[PDB]
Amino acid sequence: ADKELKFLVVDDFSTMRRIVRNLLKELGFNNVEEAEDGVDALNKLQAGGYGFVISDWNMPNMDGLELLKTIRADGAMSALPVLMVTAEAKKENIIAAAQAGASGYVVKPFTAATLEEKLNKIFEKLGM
């Protein structure tokens, strides 16, 4: 994928956003922004330029399922890649996010190798 692709990393805890940001840099992506919840996330997406979202699930104000649903229902954002990265691992939640349109789903804790695998799997399916 184009190394200039802009990412938005959403999680309500700094530690996790920091881990994803660093991993993304390893992969060659330095155009990355952070958000602390769904609303904050939507405000930045509004601002424009984003080509990929990586989101947590449990966050105050607007959780990740809602954020995902919001993005898919928005005419100007509906196809935006959204990779869930969460501790939620019950099948019913994986199903709910999958059905809601999630591009991929990663359960915490995750290895560096797993994140790169899932990001590439999504680039592959979208021809990015």
The other form holds:
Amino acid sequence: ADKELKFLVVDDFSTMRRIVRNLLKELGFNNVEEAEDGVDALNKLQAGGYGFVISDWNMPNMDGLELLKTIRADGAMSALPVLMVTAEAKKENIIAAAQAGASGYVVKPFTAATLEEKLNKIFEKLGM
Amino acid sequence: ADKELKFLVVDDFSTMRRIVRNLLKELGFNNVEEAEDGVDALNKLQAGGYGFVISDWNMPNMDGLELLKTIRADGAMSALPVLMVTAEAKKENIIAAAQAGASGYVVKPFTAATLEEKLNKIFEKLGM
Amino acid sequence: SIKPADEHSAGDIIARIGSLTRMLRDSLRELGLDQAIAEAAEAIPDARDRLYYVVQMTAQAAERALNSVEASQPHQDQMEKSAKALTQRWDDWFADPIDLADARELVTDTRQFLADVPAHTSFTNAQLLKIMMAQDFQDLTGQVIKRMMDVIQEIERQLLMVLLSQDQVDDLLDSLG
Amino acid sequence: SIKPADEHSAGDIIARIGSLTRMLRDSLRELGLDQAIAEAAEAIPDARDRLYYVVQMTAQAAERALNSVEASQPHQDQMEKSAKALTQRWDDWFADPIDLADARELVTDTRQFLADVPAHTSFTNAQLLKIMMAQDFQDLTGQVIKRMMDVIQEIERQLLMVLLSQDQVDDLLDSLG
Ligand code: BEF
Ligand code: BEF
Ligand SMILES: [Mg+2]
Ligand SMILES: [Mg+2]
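Alternate state requested, the form solved in complex with the partner chain (shown: the form deposited without the partner chain):
All chains and molecules follow, beginning with the one already shown.
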């Protein structure tokens, strides 16, 4: 994928946004921005430029599933890739986010190997 | 001090025994042993060889103050140096351990600089 | 023991505690707070797992890195004494009587060092990923304190009413999709 | 709404809750458990500090090291490309037409590298002490879960009765001694 691709890492825990930032830095993606919740995330997606989003599920103000359906329902961001990186593991929630239009799903704790594995599986089906 | 000096690091938390082991390794003392409580500590002091003890206060089976008075009261270990490294900070406990016959007192969290500072202040007054 | 007389017997006091006992048992039993104080008392058996979880993750992600720092120091060490070893060798060749022989052996040995640096430098740089990655425990250990603080809040109002893998996740999405 | 008649009014039901209410208020008030359920409800205001403490230490000792790993990578990086830079320069001098000039400049530049290694290697080895030392939070964050689990145990039996610096430490020891 184009190394200038703009990413939006959304999660309520600092520890976890920084751990994903670095992981992306190792992969060559240095144009990354942070968000602490669904709302703040949409606020930045409003500014424009983003082409890839990695989000968590459990977050205040507007959870991940709400942010997923919001992007999938907005006419100007509907196809924006969205990779889920959360702690939820109930087949019922995996499905739920799956049907909501999730690009990919990564359960925490995850390996650096697993993130790259699902970041590419997403670039593969979207011919990015 | 003689670099072969045998140390006995006593504390109920692994994290904290390993952090003191290393700190002593940087200072050149590689003859160090661990203990998880007052009793197990006395069990090793029974085996013989020890010339320096660093202990915590709050521990199961036999706390630090109990281990301090036990060594100070035993005829064969009475003068054994005992440096306290604990989390207790109430002037009332500092005094208590002080009157019990504590060689030194270090409050957690402590700096590597502080440990060496009080390890030498102990070797100084005992002409070690 | 002479004054007075009609004084409560040991039984009469106990007899009374019993009345207040049944009275209690039944105000709760009827107002349905026999319920409440039982949803909070059976939450304790759980929160003890969540607080013993946070200590699991803690004693792990704390021994993990402590293990990297453990294995990264040897390489920073070795790689540094060698650079210092050679910096010396050279200063001498260049100060002592010319000896073309030693001049060769010195070039050979530093081209070797130059070759080993990567092995050490990489490894050490791979342990820093261990230390990083491995710390994820905060976010995790953090959301459990998130929840376990919400529980300690119910157990609070319940005494206020009464007193005022990643391989399976793909087997799923891929087997149903 | 025709059958029957002598049926409890809205007031009569409320009237009754009140009786069970006072009855409750008073069984507790007399058996002295008005006390108990009040020592446990006022423990909650505390444990929320201890669980917000464990998250302080967590978000710290987790950003601390994450900061070392942050600053140690640049040096493992630089020190490694240079060794690789020179290993190349040399392979070429030794394969290409002899050029005594370059032979000098190559020796000068690697004796330089040999000199910088320590600066990097040390620093990186000093950050590993940051990462180590800094982790002390487990023992600490651990003893608070030690205590906070003992408290959640009382709050349990209280619903079982009802339902069955280092600069100051020296100013001290040295000013009184
Ligand atoms: F907070 Be995420 F759902 F792990
Ligand atoms: F457990 Be020790 F008293 F810090
Ligand atoms: Mg979250
Ligand atoms: Mg302790």
